Amino acid sequence: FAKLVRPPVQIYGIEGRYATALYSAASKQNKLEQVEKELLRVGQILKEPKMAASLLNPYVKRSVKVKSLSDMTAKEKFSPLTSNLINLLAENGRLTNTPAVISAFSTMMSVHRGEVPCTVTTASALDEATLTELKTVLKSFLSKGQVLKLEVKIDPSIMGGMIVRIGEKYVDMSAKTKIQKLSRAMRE
Amino acid sequence: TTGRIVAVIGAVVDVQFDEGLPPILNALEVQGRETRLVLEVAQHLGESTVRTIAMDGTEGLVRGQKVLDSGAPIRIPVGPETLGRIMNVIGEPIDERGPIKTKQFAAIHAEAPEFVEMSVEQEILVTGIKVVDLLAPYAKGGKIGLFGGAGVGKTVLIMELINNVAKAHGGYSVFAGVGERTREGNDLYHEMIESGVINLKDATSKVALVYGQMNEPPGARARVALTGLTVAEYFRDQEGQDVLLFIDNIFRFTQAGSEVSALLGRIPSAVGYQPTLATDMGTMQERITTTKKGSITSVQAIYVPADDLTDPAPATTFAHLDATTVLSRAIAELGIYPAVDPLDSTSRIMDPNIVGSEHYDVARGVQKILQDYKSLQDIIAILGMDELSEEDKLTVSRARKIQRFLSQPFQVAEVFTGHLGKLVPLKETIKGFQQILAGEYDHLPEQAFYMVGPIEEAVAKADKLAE
Amino acid sequence: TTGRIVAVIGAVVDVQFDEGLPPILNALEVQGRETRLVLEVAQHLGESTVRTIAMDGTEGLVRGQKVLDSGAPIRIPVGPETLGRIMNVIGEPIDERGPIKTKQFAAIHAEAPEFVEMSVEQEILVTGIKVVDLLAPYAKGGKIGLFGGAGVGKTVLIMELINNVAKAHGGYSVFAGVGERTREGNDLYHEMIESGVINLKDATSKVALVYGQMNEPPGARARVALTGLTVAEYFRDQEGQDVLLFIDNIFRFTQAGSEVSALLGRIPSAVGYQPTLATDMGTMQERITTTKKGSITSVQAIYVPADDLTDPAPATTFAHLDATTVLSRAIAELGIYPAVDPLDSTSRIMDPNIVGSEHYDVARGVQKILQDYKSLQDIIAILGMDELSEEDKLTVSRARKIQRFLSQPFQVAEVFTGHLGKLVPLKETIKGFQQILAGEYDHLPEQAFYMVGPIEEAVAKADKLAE
Amino acid sequence: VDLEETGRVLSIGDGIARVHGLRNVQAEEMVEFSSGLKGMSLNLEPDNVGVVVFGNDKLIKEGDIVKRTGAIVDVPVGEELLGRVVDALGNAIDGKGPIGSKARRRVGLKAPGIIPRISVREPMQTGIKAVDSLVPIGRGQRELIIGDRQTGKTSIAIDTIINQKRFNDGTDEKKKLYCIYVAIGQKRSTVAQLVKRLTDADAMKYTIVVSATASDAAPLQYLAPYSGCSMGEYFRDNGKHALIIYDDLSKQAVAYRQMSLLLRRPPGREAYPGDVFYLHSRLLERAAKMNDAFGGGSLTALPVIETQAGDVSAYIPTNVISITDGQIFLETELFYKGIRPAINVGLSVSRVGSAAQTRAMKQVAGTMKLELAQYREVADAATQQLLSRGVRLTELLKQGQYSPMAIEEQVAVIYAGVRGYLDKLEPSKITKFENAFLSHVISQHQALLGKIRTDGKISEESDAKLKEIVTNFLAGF
Amino acid sequence: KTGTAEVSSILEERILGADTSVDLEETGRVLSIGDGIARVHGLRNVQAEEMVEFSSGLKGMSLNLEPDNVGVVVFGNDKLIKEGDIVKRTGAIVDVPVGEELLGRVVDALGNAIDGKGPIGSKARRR
Ligand SMILES: Nc1ncnc2c1ncn2[C@@H]1O[C@H](COP(=O)(O)OP(=O)(O)OP(=O)(O)O)[C@@H](O)[C@H]1O
Ligand SMILES: Nc1ncnc2c1ncn2[C@@H]1O[C@H](COP(=O)(O)OP(=O)(O)O)[C@@H](O)[C@H]1O
Ligand SMILES: Nc1ncnc2c1ncn2[C@@H]1O[C@H](COP(=O)(O)OP(=O)(O)O)[C@@H](O)[C@H]1O
Ligand SMILES: [Mg+2]
Ligand SMILES: [Mg+2]
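Chains as they are written, first to last, in the entry's author numbering: chain S, 1 to 188; chain E, 13 to 479; chain F, 13 to 479; chain B, 23 to 401, 411 to 508; chain A, 2 to 128.
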């Protein structure tokens, strides 16, 4: 078979297989950025209430769906890769999980351009200076060229401190866990 | 309408109809086939796909062959021109005597007569056979189970029933052979030709044969009972007469249904039978009734797996039977014919409210005396014949005379007995056994009752052999 | 929080919370119903969906309907104000007497007592029943179990035990009827009202009733045993008292689980039972223990499917009991009542260091003679009781006398048979069996022992038989 | 197309359609297919709806239009149904016109709780001596009739129904009993003959017949008991007395097993699902006896079960024995021998109805039960006496067919038998005596029987006059 | 739901228009192989119970024709067959030689002599 080039992050499931096929197809020939832009475009194109209502009805024949999608793709001037992907999803009847593919490829493209999603959780918000030093130290955690994608949720359930996720790495300096640890130490 | 074969797993074929789907149970013909292949729809998988059970070998089919939607279920030729003609499940003749020419076609998937097309009063079918008509009368439009099935006279009895019913009441008959050995099928064809119930020359036949062979796929052996039912339903409704329908074998009907259910991918139920066993049997057995126009009396040959009467197959068929006949090897040894076990035979209508008080009392007396003789036979075997009283030797003599009188000579067995067949009416039988029980004939020899028609023939035989 | 129903299959409902997910066991309220429908959470499916079991009929649930999280598991009213009342799964009174006014609620899903809480005391509880007291002596504070198929005497025996034990009981009592007849619960309610054990117009009621009878869905039968357990636990832990917890029928707690397990998408285990049978049974049955904070003397009626003690449910329950009492249909067909099988029944306190040496010796002698009789039975049944040595005939006679003597007339059966209820103190039981064993009563007829109190009543019966 | 109140059949096959749409369809709601059938929406799934079709799946096709009716599965109930035959959905099948009913009741409605009920205090007369004297059935009871193939169970049910005419022709509204006969998985020929038999006995004017014969799809056989039970619950809740006879409840179990297996559910023991016990208890818990604060009505139930080769410890027989308030074990050995009704009084019990039995019958049947029990244990002097008396009683309890007896005649006959008047009569002639004796008391001495019936007891003067009658008659026989 | 031909290799081929240089009518590419069963992609013109021939010299009988793939049963050890192989139609249902040329010869299930007495005469074939 054709030795497909594997994506960086492995997505699994039906969306995973379709997205890995698309990523392998795009990586050779080199069209990942353009195909991602086209995928984002079709993200809205199909979302149109008329098109969505006409594509979620399984009683319109697959022939009509494929013809309508060919007309839409021609009317939008896509790469042959995206047009063939939409045709393939339509033939197999996998339109109801099309967004999961566009989502998957996004997750698959973000890692391609080097990104490590991050999460920070605190009892209360932060002052921008402290957020800046967090940015600096977390970028210290990463490697070379690996941009960071910070997210700062606020969880009052914890009683203070901080909780930080960098990919699968996890550091929990929250008051709640220290309280739990010390309390359990007492009871033993 | 035209679709394409998309899948072929064994005897299951998945077809795809881009235009319009055929309802369930229709028949589709595969175009591009050296011999007619018919597929019966059974599911609607969605995406315009249907799943069909094949009625013939699917080998040599290609993913994409065109399939033509007939538009109605399997339609067979029904009429008076099917009498004496063998034909498989889809109605094509297989006796190589040309097409079955008829002006009528009937779909094999019909519905049982509504609640108002139903006779509300029981009846009795007089077959002209002493033992059957006395100890186990055959209800009109009621299923009769027939046991034994091995060199005891099942075929000769079937042929005699055919002849009597076509001679007394004038109705015809259908013989649906479900899962039929081809050797025995040909043998039966020739036995019918010899005995005369089929006539290849003058077109005066009395039987329509419908063979679902034993090497047809499971989807064909499961439907031949329905083809036979259709052929008989024509005569009931359209001709307005009483028909006989011999189903041999019924266990093979249930077994083929089970195989089809498994092939379609359904979880088996009790002993690995189809989950739809009760309804699969009921949909057929509910078309063998006594409508207000005619009636169909069915005779199922029955096989009991593992000799277990509680196996789901016979446990489900016995729920439908309205009578029972038990041919026994132990009675063909004695030279009695038909070798019907007088005591093991049963009937639902053996009720004084249905068959009348006199008939009921005669039958009960005969059964009681036969049981008494059976009990006394142990004493004879052990303590010796001397030990009997005089009110027991008399019962032994009377029971032996009754056993002899229950035997009869058939019209379809004149090349086995040297006598001439008798069709004994009912009143003759009841009077004969009433007289024998009363003791009016205690002075005659036992052999004067062997293989004779009415009682007067026994008198004449006694005169002829004593003088 | 607020989620929306997405699936509603049988009694299993899927609810999607976009905001905070509820933990497991947490209860939810379906908003928009005529009555209160509580959904107990059971799984997290990902994508912010939770599968739940509905504590009431789910008909009328619409996809997209709104469900409101409650924040805590099913909390029921507990206290001394739940005595004389009738409750259901979710703590709602069903006696039509007003809300249960308590100042303390208990979640029905507490954890079992730790290991440092168990109590090792082992006393003997005298029930006034000869077979139970002699061979399988019940213990105070222990778990007891009555095994038996349908219609062998489980409920009659448990009502006799209610009567006896819970009349001579100064502590509280709790009857949880899970999956039994509703008219049986009504009869129990009215028997208690008449017997003074319940005061509808006072505060001297000593029995709390919980009821999830058979008419209720599978989600209510599963989680009603837990409600009874919680009501009993309060009276144990908090009030620090000695409780009686009768359950009937506990099989219906596991059965109900296997009804929802199928719908929870879990692979069935042995005979279609949920894969988690033993774990659920254990978590339920280890909360009924007698700890150091109090005592629970729980009697549980356990139903044996198709009279099969090899079934996973009774077979698993056996390991959670101190004393058993395998009621048998074979014995019940002989007329013996209670049909306790003396050889299947066991007990932990059948120890010479707890019951004594005369009690232990007598019990073992009775068991030995009954086992010898069981060994002989197969030969006795065919060859007859004449091909037996004299010692064997003596054993047969003694064993039959003992079998009959173990039968007793209960007071709760006064209506059935018209006899008079009898209690038999332990000393009288031991003395009577000593006498029968020694041979003191070999001149009496075995039918002189059938259904009598102490043995002197057997002697009086024999004297009356002589007349 | 309105994808909220209407959907399209995604996939038919097995008798379980999958529909796409019906976004506002309630669980267990009834929907109507385009062709004409009806279905019940079991599985509300995220993407479709599993509708069980109450009919033949042949008529349904992928693409058809399913329209929700808007109401939970319910059936028409009322007085308008008496004398009519109806399928499992309340649509008449006897062709006598539209059913025309004003009230509709849910088939899945829940049984009454613990407070509405009250102990069984009234007798349900069956006109069968063996049943009425030895295993009495009260009103509100659930008395299983369990037997084999052809042993006379439908005969018990039909004799009960035919016997209720003495009360349904009178004026006392507190004794009239309205019968319902649910026929499940049963030959339609038998149902038609049974309906003719009832019409000939003038027993249809107060009888409903619900049919789900063997040619009817599995969902209809699964749903017929609930339709019948709602038709009976109407009378129960309206202060009247009803008597529903499910026949059989094992055919319903087979239909439900088919339904479950076709849905790919985990088969259990004998391939029956786990819900079979719930299936039957849900149904038999509705035969209650309401207390006077709720009307005082009642709904008796006489479920019928067909054991297999006499196996009473099977799975479904044991479930229904754990659900019902008694038994009437009909034995095939006895039936074939000659005893009919072949009730095996040894194993047949009635836990509840013992206290509802009539005093006049109570006193006589008590000694009858003791005598039969003693005879059962010895099968010289006292032994010979017990054998003789037991055989007399056993031949006394034999009965004809479709000839139910009033309680007073049963009292007279059993009294003659148990007081030893037939202790000299040859054991064979007892029936000949019986059928003769009744005629005598049914002709000349109506005053005595009427007084017994009105007073509801065998008073001492009634006892003396009955003694005189029996001895004088036995003098000239 | 899922199909066995939805593997990312087939979808990759079809996305960039590489499915037109492969003759998916008389040839196929093995998707799976295991325990003597191969699942082949293609062979759109293959008849039920027809014999296909793998690239490695083995034979097989195509029994299960599903929408996505063909289930072939291999006539020998599946050691030699690897995912991605090439399977060619033979065109004819399985048949065997017949005649008096077989008498006294030990043959295997397909009419090949296994007694080492030389070739098998064989004038006629039979399905
Ligand atoms: N009391 C009776 N006296 C004489 N005969 C009887 C009596 N009851 C029933 N029978 C006979 O038994 C036969 C079957 O009776 P019935 O239909 O009541 O049994 P069943 O169990 O309903 O049968 P099935 O199981 O086939 O429905 C009848 O034909 C009838 O003649
Ligand atoms: N009425 C009869 N007279 C003479 N012979 C009979 C009669 N009935 C059956 N037989 C004998 O029974 C044997 C078996 O017949 P048949 O029933 O046709 O075969 P099978 O039992 O295999 O179907 C025959 O050889 C025949 O001689
Ligand atoms: N001690 C007893 N004396 C007489 N009969 C009894 C006794 N115990 C049980 N029975 C019989 O058993 C029946 C009650 O069975 P029960 O135990 O209530 O069923 P289950 O086992 O389902 O609870 C009664 O009808 C009665 O005839
Ligand atoms: Mg009970
Ligand atoms: Mg019946």
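Hints listed in this document are in silico derivations from the structure and should not be mistaken for laboratory results.
Be aware that a few hints might be false.
[To be verified] Calculated from the model, a selection of chain S residues having no Cβ within reach of chain E, i.e. all distances over 10 Å: (1) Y12; (2) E48; (3) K61; (4) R62; (5) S63; (6) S68; (7) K75; (8) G93; (9) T96; (10) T119; (11) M159; (12) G161; (13) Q180; (14) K181; (15) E188.
[As the list claims (entries may be wrong)] Stretch by stretch, here's where chain B covers chain F in the computed footprint (C-beta under 8 Å, at least three residues): (16) 68-80; (17) 104-110; (18) 193-200; (19) 204-210; (20) 275-284; (21) 316-327; (22) 352-361.
[To be verified] Label-pair restraints from in silico Cβ distances: (23) F:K213 <-> E:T322: 20 to 28 Å; (24) B:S490 <-> F:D398: 19 to 27 Å; (25) A:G4 <-> E:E31: 23 to 31 Å; (26) F:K213 <-> B:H476: 51 to 59 Å; (27) E:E41 <-> B:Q215: 53 to 61 Å; (28) E:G284 <-> F:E399: 39 to 47 Å; (29) F:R48 <-> B:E67: 22 to 30 Å; (30) B:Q215 <-> E:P317: 46 to 54 Å; (31) E:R193 <-> A:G4: 50 to 58 Å; (32) S:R41 <-> E:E41: 45 to 53 Å.
For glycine and all other residues, C-beta sits at the position ideal for the given N, C-alpha and C.
Index of numbered hints that the structure contradicts, given in increasing order = Checked against the structure, the hints that fail are numbers 3, 4, 5, 8, 19, 22, 23, 24, 27, 30, 31, while the rest are satisfied.
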